[PDB]
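Take a look at this single chain in structure tokens; it is the form deposited without the DNA.
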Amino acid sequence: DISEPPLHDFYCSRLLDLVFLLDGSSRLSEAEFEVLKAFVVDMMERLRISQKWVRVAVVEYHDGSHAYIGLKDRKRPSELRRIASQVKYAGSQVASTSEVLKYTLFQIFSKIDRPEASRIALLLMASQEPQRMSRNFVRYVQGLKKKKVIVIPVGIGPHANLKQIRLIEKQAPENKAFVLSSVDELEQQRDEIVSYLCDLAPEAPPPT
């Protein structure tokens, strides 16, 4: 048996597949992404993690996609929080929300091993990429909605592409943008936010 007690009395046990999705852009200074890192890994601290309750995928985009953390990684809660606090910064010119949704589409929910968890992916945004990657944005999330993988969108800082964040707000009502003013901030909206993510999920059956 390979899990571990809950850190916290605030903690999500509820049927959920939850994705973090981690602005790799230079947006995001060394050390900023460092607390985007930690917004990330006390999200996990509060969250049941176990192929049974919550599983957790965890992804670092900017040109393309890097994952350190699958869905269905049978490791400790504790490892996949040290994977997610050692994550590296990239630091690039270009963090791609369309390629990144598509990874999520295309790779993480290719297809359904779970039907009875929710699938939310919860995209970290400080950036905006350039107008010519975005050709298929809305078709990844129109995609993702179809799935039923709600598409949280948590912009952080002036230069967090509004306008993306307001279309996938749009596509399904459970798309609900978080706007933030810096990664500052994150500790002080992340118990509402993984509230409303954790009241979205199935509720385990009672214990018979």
Contents of the next structure:
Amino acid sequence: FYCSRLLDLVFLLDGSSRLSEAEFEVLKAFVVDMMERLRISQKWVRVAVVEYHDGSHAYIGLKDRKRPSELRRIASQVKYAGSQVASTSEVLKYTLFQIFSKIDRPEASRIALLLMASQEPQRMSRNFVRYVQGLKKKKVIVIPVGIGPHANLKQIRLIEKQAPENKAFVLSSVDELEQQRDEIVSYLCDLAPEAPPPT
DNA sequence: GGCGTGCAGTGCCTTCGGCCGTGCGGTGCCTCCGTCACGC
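Show the form deposited with the DNA bound, please, because up to now only the form deposited without the DNA has appeared in this conversation.
Full complex below, order starting with the chain above.
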């Protein structure tokens, strides 16, 4: 449908080589479709787009004052990485420290849509749960989205085990996205308040 | 000549030096299998 609520949504795209050139474009299209079903505004739904590999490469910020159509273009032109490493620990650390360093919008919900499709090196996962728990303390909901046979199930279930609102969406392939979009959007929307503060 | 340790972290508390602890790279399910450098 169309989400018109106070929400800060953060898209986190796995940049590993697990996803092919094409398969990644599909993921991007999914993110674009999501955005078409969101009321993009500083006072309603704010969006952020981040392709992550060894590190986080942000294309869109929550405070970016741009026309939604423009943002959709940007989100569709996200460059393919195809890295050997897509650190979820790093992208969650980035989200926690860079994106949500300061909670400037209490009146809205904070959601991190973690689109993963691989397994990061175990040594990198050392402080993983600490970032997830750290996001929780800033009241940021993390929704893992498993894509493909290589998506780290252990971490995904570990995210759910961290917070009540943290639900996972285990998928079979990037094709399962389009036919799961509507369900996901509505789920995220129902986590955000509908009406602003009295002001 | 075996051991036992190694150390991340916008770290933490009992503050300017202990205490916890994935030495580390890389495979592919995981919190790990198999491996190297030092000092003694």
